[PDB]
Each structure stands twice: as structure tokens, then as C-alpha cells.
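Undergrad: What follows is the residue order along each chain.
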Amino acid sequence: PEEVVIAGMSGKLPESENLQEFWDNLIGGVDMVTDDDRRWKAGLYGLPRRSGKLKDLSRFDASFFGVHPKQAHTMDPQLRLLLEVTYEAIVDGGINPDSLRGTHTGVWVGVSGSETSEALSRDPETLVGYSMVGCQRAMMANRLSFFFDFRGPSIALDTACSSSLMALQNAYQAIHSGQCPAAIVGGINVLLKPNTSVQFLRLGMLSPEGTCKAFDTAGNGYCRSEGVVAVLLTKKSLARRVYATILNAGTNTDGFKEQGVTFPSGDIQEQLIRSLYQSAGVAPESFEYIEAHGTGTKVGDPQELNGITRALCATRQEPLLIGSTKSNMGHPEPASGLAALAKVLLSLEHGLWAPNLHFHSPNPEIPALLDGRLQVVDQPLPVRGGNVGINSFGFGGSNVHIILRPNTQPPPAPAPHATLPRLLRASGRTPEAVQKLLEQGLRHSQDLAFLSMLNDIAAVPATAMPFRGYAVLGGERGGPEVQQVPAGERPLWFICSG
Amino acid sequence: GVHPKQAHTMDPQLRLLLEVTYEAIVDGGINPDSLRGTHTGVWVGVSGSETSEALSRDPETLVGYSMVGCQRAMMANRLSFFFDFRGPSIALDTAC
Amino acid sequence: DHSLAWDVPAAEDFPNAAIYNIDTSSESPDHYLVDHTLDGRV
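Residue numbers (the entry's author numbering), protein chains in the order written: chain A, 1 to 498; chain B, 66 to 161; chain C, 837 to 852, 859 to 884.
Here chain A stands alone, though its shape is the one from the complex:
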């Protein structure tokens, strides 16, 4: 088996259109769980007044994805955002999507809600059949395959609170086994029906204060939050940017439990973690940071933390840093794994760990936190090195865990040819896209790899992207240039002067 690497990532998490804003919020210590009433009247049915929500759900470029207006109005917002996020993820890795056309890339998508389908299927007298092809759960992956022309598997997993990480595990297995050269792993969740929140509140899995206080004495529950993420898993040969390497992925169910189906278990999670880190051949002393589920439940937190302590903290001297991305944004049920993965990858790229929030005093039922073996990252801590681990556990008992080896590639040694002027070319749907690409190219004119990746994703036909531009970087002069590309292939002629 070859290596599996993560090439590109994109998403639209709470109070963050792109991942850059997500990181600015994570490291800036800004609570991304607002209390407004965009989705519905606050406090309706006694639901918590705070939830994680996106900035806008009404935006989708229909023309580029070949969706007519009638179809777009009946398409699930999850799908509309996921198409764009997937395209951004593919380009984020410096890979022109045209290359992946006709290959065996497989789309695995974790979804838990289909609330849009009910809304559009409530009036039999005046309901359109398009909604079946736009809101059906399977279409969340089949639509992506149809547009991007992927011949690989197209599955829409459903395991709760762990669907996205299960999809990542399945994609990792598919690539590792030689079945696919690349994969698109996505996780979507949108809060649209208050009745689901009422159900969760009745079960007792929601916090009245609406704040997920991970690893904290006053941990009541968790706050619902929406988000969309997508990751491009690929083998080594294809990858142009490598965020990390998937050293091993696994899964397993709790089994029978006297307490109940929804009661988390710790022995099973410990077994899963130990099995992964034994099969991969990675010693526990090499771990540096584990992204715990950290939903803030008064029962789940002790189980998960003590399982981690038993599995990894047995015979290691230095403490293990543990953090949860759910104190910063909330808890996107089906997308919990991918949000934590995005936070981890961003922290590794920027060389700093995103601080947790709402951490004042450690839970007295967790000896490791007091003993000092486990350290909650409540301040920006520079990364020293080592491996990482992400675990997402659903409330049905579906456990997942991953081990990541970060990218220790240093900047290249300066070379004589680096001083020669270089050319950057960009294409986009509107002039603002070309402007932003050219400005980014100018900002980092000394980073050759960034320019090369930008140039490798700029060969999009004029029909899809009718705006193009260029900017000779590092020259004696010359600003950016932008103009619309006339349609139709144009012949190229040569004339040799005498």
C-alpha cells in the first residue's frame, strides 16, 4: 500500500465564509456561536438561545455548475454549498479538476439531516419532481460525482456525530487499497427545523446556556451548529500540497451497554486507539495533540478523557496536549470530525494551536487534568512536533480515530534562478476573482510553489470562467491586467520576421 495524504481543504463554518476567517476566529478567541434569530425566533419551544450558524445560505452560482434556476430553487442548501466547497478544496491542492475527470475518484459524504426534502414535499398538489433529484440524501454525493465526472464510489453515510470522520476513514481505506487514486470527503449540516432541536433537548443532549464547555466542571451539554467542509484525499504521486499523512484510520461500535444505547463507553474507545497506534507502529510517546470529541457532556467527557489517559498516557513523561474545536464554534453533528480536522490542519500550517474556550476549572472526575498528564490548550502554544490524533464518537456508538503525521517540509534554499521575473495568470467568474488572485500572487511573489500552484489551476475554459488576467511578478514594472475572454477557440499563428 502507498501513502494517503490530504491535499486540499475548504469549508463554510459558523461566522466564517472561508477557512481563513475560521482561523482568524479560532486564534482571535472570538465566540462563533451567536445568539441572533436568523434561523428562527430565539427561545422558541424553550430551545437554547445560542447556536452556530453560517453567514448566508442563499448564494449559489448556478450557471457554473449547470443548474437551471428552477432546479436551484429546489436544491438543498447543503448541496449548493457543498458543490462550491468541493471545487474550492480541489483547487486548494493546486489540482486542476479537469485532470480528475474520467478517473476513479470516490465521493464519500456524511449527512444526518434531510430537512429541506420535507419542506419541499409538503404540498402534493403543487410540488415539483425536481426536488427528488436535488434534495435526496444520496444526491449529496451523486451530484458531485455527476458534475466532476468521478467514476468511483458515491456513498452518503449516515452515522450520527461521526459521519464525516467515517467517510474520511472509508476514503482512506479505498485509496490505501488501490481502488481509487483520490477521494472527496465531505460533511454537511444545516439547522432548519426547530423540531430536531426540540428532540435533542428532550433527550437531554443540549446545554441550557448554549455553550459547549469542554473539559469543564459545569459541562451541561452541547450547542447545535451548522457547517460544510470538504477534504481532497489523494495518494502521494498526485498531491501537490500535503497538509498531513494519514498514518492509520479505524472504526468500531461500542456494542452492548448496560446504561443504554446513548451512554458513551471508554473501554471500546481505548481499544480502538490502542489498536490503531499498534498497527501503525507509532509509539504513544510520539503523540503531541489529540482532538477530543469534547462535547461538554457530564458523562461523555470523563469517559473519553480517561480512555485517552489509559491508552496513551501510560508511560510518557511529557504531558499530552488535548483540545476540542467544539468550544469555539459549537458542534456540527455530522461534520464534527471534519471541523476538528480543519482546525488541526490550520494550526499545523500556522505553527500555533488554537486555544480552547470556556475552560476555567478542570473536571474533578478526570485525574489526568489535575495530575498534569493531560493539558488543555487554553493559550496559543507553538508546535514542537510529533503526531496528532482525531477521534469522533457518535451517540449511537460509532467510534472513529485517525493519526496524522504533519508536514515538516522547510522552505527551499535560495537559488540563483529565483531572482528572474515570473509570470502569474489567473481566471475567474467575475473581475473580483481575478483581482484577488493577482493580489495574492503579488503578496507572496517570492514563494515559487504558491505561484506554481496558482498557475496550475488557471487553465479553465472561457465558457466556465469568462474573465482572465495576468501580472508579471518581480519585474521592473507592470501591474495587473484583466479582461473578458471572447468565446470560441481562436487559432494561433506565427510570423517570422526577416
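Heads up, some of the hints might be wrong.
[As the list claims (entries may be wrong)] Here are the simulated EDC-like pairs of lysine to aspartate or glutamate, each with C-alpha atoms no more than 20 Å apart in a straight line:
1) A:70 <-> C:837
2) A:257 <-> B:98
3) A:41 <-> A:61
4) A:55 <-> C:881
5) A:41 <-> B:123
6) A:70 <-> C:843
7) A:436 <-> C:837
8) A:236 <-> A:15
9) A:41 <-> C:848
10) B:70 <-> A:258
11) A:41 <-> B:125
12) A:70 <-> C:849
13) A:236 <-> A:2
14) A:55 <-> A:31
15) A:41 <-> A:15
16) A:41 <-> A:115
17) A:257 <-> B:149
18) A:235 <-> A:456
19) A:55 <-> C:837
No wet-lab data here; the hints were simulated from the structure.
Mind docking chains B and C on chain A? Use the hints.
TA: Then chains B and C, alone, in the frame of chain A:
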């Protein structure tokens, strides 16, 4: 081990599937207690949760048990829980 | 290009004609109706 209150708030698919899974194990001549604690996995293909729509249509009367019984991911998690399977539990939803 | 705005399901789009329950049980506010009996019938 499903109490009467939760039996009423459970998807018919889940109940029929529990019965059919027990029947399938026995038809193979293998006692179900032989597979307990093993890495047996449960995969299910579902493309509908209309019971959840029927049970979550009254905000003032719904019971939280519906989520634990009618949720899509529980169609496999319930089987793994009862039969004590430690392997994967997934709910594929590729149509047809 | 995000010039156009598309449909997004609203809160009221999902399920949620006054109905009055008449109960004569002593624990109910309407218990006083027991005293309105005519021809040996409430």
C-alpha cells in the same frame, strides 16, 4: 429489551429489521451468542425516515425517544447494540 | 458570482382552530361544571 413507550416511538423498519437479523443469524446455524464481542459489522441501506417526520410534527408533545429510535444512523447502531457487535456500523444511502 | 439569491426553507415551512378540553375532575379548573346539572344529567 425495548420498553413499550419506546416501541411505539420506533420506526417499523428497525423492528422488522431486528427480527429479520435474528432470523438470518439463526438460519446460518450459528448461535447469535457466538458473535457477541466480535468484530462483526452492520451495514444497512436506507433511503427514508418518514417515521421521524411523523413523530416530530408536534413540538409540544414529542418525546425524545423518537431520535434514538427513528434516527437514520440507529438502524444499524441498534442492531450492533442489541447483538453486541464491535465492528463498523454504517447506514449507506445510495439510491436503489 | 453571487448576484442572485435562491430559495431557502423557512421556519414556518415545517409542522408545529381552537381546541378546548372540558374536564370535570376535581384537580381541573373546570371542576365547577359538575354543579350545572339538569334533569339528573350534567
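Undergrad: Give a verdict on every hint.
TA: Results of checking the hints against the structure:
no.	hint	verdict
1	A:70 <-> C:837	holds, 18 Å
2	A:257 <-> B:98	holds, 15 Å
3	A:41 <-> A:61	violated, 29 Å
4	A:55 <-> C:881	violated, 68 Å
5	A:41 <-> B:123	holds, 17 Å
6	A:70 <-> C:843	holds, 10 Å
7	A:436 <-> C:837	holds, 14 Å
8	A:236 <-> A:15	violated, 34 Å
9	A:41 <-> C:848	holds, 10 Å
10	B:70 <-> A:258	holds, 19 Å
11	A:41 <-> B:125	holds, 16 Å
12	A:70 <-> C:849	holds, 19 Å
13	A:236 <-> A:2	holds, 7 Å
14	A:55 <-> A:31	holds, 14 Å
15	A:41 <-> A:15	holds, 19 Å
16	A:41 <-> A:115	holds, 18 Å
17	A:257 <-> B:149	holds, 8 Å
18	A:235 <-> A:456	holds, 18 Å
19	A:55 <-> C:837	holds, 16 Å
Consistency note: the structure conflicts with the earlier hints numbered 3, 4, 8.
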